[PDB]
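Given next, in structure tokens, is a single chain: the form deposited without adenosine-5-diphosphoribose.
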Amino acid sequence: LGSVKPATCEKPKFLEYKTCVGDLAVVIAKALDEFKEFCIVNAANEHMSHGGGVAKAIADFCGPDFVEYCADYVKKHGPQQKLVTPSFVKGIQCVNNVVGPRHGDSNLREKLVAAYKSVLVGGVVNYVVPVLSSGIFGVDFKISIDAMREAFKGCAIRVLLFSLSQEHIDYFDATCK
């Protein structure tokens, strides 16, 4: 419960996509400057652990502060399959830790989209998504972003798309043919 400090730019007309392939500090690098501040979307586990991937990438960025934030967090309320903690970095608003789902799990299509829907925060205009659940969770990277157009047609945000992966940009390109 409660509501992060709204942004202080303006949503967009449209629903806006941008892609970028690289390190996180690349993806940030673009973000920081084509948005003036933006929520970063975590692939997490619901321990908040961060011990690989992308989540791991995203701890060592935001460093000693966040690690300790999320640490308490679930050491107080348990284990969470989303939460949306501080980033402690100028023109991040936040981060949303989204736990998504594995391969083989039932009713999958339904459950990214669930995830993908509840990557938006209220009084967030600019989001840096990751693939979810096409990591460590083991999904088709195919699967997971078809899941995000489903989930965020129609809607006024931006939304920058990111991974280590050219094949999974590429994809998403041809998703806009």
Second form
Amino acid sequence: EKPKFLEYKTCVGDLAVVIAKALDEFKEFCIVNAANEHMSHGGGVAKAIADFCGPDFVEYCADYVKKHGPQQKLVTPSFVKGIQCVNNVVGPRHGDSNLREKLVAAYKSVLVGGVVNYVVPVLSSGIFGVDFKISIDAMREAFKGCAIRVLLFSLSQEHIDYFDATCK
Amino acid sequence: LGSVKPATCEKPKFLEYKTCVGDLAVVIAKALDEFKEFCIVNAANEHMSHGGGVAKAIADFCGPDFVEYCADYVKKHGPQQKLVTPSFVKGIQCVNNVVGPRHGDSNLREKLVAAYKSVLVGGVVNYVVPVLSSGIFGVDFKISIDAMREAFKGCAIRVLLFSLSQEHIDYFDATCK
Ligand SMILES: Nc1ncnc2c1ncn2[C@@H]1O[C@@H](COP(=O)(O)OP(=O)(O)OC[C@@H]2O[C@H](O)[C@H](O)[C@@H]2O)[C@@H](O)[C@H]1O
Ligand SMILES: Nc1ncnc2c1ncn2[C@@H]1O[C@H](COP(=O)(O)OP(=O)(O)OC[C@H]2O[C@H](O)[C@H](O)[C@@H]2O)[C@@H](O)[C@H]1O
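Moving on from the form deposited without adenosine-5-diphosphoribose, kindly provide the form solved in complex with adenosine-5-diphosphoribose as a structure.
Below is the entire complex, every chain and molecule, led by the chain shown above.
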């Protein structure tokens, strides 16, 4: 029950509504977190995911960074039925750097072995405002030819309208 | 050789199986949510070198304390067919490093059965178990899974079997038929 090829869906809303939708439509999926390399889940989707997943997830992440140092990608328990795992991905920050290629590498790092359904925020395009258009294009490049299902979500309607502009 | 600190989980009424296909982190993600504590089984060599396969992933995950524990123990006691070590991971009661047999070894079935039997650790009820010997040890996965079910039959334990390979897990589903 892989898909035959890449399938997209969209959701504009807070994490709670996104997760309810993904559970209804995917049944089981990986949630992607827009993380920093310290896994310090202080704001944005990171805070929402840490609040939703709870203290065992926050503790997991903190403990891992303590043992292994800062991480650019960290796959964790979610402690939530239907969420196979959290994939904490570190996007570039504004003034970075070289944004398109960094965002492609970030979205490519979303894929995990044994997971087909992904619930994915617009990386880098909130708490440190990278242009959402390059994040979104970067995602489309990253996932080309992958047999996965991707539910792109965001608080901003503009992000999804823009995404629909190429899927339309 | 002493015993591991006993589980706070109780044994199930009968043998219970779960499965997970994918990378180690995805497996452990599932095990941490389903089991409050467990033993993870490593498909080791007698040197406890962890140079490839699931051993390398487990070594990387558990970290340098784990690496150091194994190198020190082997240095002092020599090579080991079985070593139960600390994990240095919350929820992971111990790592049971089991050396499975290899392609062409004589009495290969019976050696697999014995290897899975050695998985059991006193005071552990929940196990996360790979398909022993089916990677670089070259053993047919079907025979390894058959041997596992033989070794665990009648045991009041919970076993999450895992593999990178969907075919391995589909096979196991067909033994439950
Ligand atoms: N990163 C991983 N995540 C999850 N499962 C894995 C991973 N790597 C391998 N596996 C799975 O564990 C397997 C056991 O395969 P190997 O790891 O190759 O084990 P084995 O065939 O017993 O080989 C023995 C060993 O190889 C290692 O180098 C080890 O140190 C010893 O030399 C199969 O089920 C395989 O899909
Ligand atoms: N509660 C929420 N629900 C749904 N989506 C959200 C929420 N909060 C933010 N988002 C969305 O997540 C995407 C990424 O926004 P941020 O979370 O601000 O992520 P990012 O810009 O990559 O910044 C990462 C940094 O912010 C966090 O503090 C995190 O710990 C890291 O330091 C955007 O599409 C944004 O609308």
